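Next up: just one chain, as structure tokens, the form solved without ligand 5FL.
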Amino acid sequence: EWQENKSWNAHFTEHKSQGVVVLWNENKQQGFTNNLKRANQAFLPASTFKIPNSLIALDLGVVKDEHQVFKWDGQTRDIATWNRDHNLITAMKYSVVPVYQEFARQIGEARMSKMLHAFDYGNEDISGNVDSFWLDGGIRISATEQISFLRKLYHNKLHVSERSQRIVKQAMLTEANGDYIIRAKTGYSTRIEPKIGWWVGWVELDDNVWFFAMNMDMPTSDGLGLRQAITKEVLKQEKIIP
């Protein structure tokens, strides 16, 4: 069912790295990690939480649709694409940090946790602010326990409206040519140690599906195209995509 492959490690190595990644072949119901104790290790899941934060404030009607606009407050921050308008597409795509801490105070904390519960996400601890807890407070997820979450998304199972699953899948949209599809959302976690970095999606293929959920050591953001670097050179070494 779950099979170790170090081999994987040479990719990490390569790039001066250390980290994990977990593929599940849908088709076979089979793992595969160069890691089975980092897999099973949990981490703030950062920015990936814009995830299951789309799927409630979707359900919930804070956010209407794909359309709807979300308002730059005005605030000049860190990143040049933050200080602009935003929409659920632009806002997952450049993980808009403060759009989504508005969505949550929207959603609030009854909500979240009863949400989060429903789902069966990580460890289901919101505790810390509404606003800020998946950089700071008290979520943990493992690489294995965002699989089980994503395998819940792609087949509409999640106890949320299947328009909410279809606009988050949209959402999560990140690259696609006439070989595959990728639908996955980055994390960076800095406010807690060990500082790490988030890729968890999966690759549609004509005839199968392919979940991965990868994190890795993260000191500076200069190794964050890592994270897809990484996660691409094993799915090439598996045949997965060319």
Contents of the next structure:
Number of protein chains: 2
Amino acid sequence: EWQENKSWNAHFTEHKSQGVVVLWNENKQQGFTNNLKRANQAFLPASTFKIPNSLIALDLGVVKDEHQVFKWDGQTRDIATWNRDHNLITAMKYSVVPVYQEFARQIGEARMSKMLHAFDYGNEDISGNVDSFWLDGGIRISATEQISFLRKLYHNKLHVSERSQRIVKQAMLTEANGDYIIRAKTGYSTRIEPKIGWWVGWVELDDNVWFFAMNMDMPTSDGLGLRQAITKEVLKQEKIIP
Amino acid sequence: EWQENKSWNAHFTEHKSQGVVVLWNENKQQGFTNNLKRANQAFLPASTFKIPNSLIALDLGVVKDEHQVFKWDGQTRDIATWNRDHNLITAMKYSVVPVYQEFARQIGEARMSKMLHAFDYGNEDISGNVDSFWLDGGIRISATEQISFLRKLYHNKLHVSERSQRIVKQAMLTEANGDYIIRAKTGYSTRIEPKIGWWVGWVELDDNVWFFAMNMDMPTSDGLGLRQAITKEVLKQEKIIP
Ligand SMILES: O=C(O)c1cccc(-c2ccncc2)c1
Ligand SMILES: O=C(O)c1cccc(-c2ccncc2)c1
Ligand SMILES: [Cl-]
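The form solved in complex with ligand 5FL is what I want next, because the block you gave corresponds to the form solved without ligand 5FL; please supply it.
Below is the whole assembly, all chains and molecules, this chain first.
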């Protein structure tokens, strides 16, 4: 079941923003959120779509392994980190859109659609440009649906090879220490309203795993750092991390 | 290719200790150490042997995956974390000797011997008790030999399944942030003189990989923390980590 905790809103109001945090206790099979309605509100996935995109590219051979180099095309873009060669790890670390756009082109409209249906991903609607539908197309997904999708990935239950799912889980590595491990992916939807920021993944503990998925209104890029900051303060309140 | 940098000794002396640090730049294929002799002096692997031990156990089916639970045998031991159920992740995280002793028993002398030779691991001598040879048996490995093994693990070139190697590298995960990822294994040898502590692994960067292997005199358990502190103080000096 699910369960609402309005107290987390204090973290959002503390930063003069508003959004939703959704946690899932794998052991107890229980979910927690500050806003059950927005937890089920479907938004554009934006760069969080790089998870299923990576899975499909790997399983089809578009990506050989996490070391394959995808050379810069030479176009100077507003994000400096995008103007250099990348591999799967760095491409996901820096949310390099142009690399995954090339993945989607080679994947193809048809194969992308078939796989997202097998993943049961959001509304499964890729309408728009094959190389930007997750940014300005018709695909939509809610926070609870992210967790459902993420859970399949953790258990290697998605309909792709185990290898592909392990590699993507490796590429999602964000932070790790003696207390926890975080495998997650950021997102920043700016092309179509509402402008929001994503952060979806999970926290690995010794004896349990806490899946999470959060989105928040992001009218300007200054507040991107709040995606992780607000998430972590909820984790510290729930005593999941020191 | 190899170069000696006696300046690093300052990090050992300010802590009233002695030891060796060995670095290998994968891109440039160059190695650096503070003591060429000790870098090639072979010691007992101790708990660093849990890398090859895990690889063999996985490849033979002794360990099904990183989720298989290994039940505490109900015998109280002086290490609190050992009086607990474990999987490969927590077992390696907490150096749970009893769990790996059962691995070796199930693996068997013959298969254990055969595999270590394929790995070209240390002196490849499993002489002693199958359930403790890496602690008070005849097997020996030097810091430089550890790196040659670690490098084969990183490139999946060892004579075991790719999956087995990916799993162990996941279990080796120790620390991660926006600047680097560390996958390593600690060691603490006390049954045969000299008493030492190990730390072998590597640092993953965006554009390079730094392999490392260090051991230091450990007369008492009070200085175990210096294994990581000293190693990191060298990494900062070589500007491998901020
Ligand atoms: O957080 C993300 O996922 C993401 C993706 C693409 C671009 C940017 C971005 C845009 C402007 N200034 C800073 C960062 C962020
Ligand atoms: O650091 C390790 O890898 C390790 C492995 C096994 C045991 C111990 C140990 C033994 C006594 N007191 C404290 C710790 C340490
Ligand atoms: Cl990993």
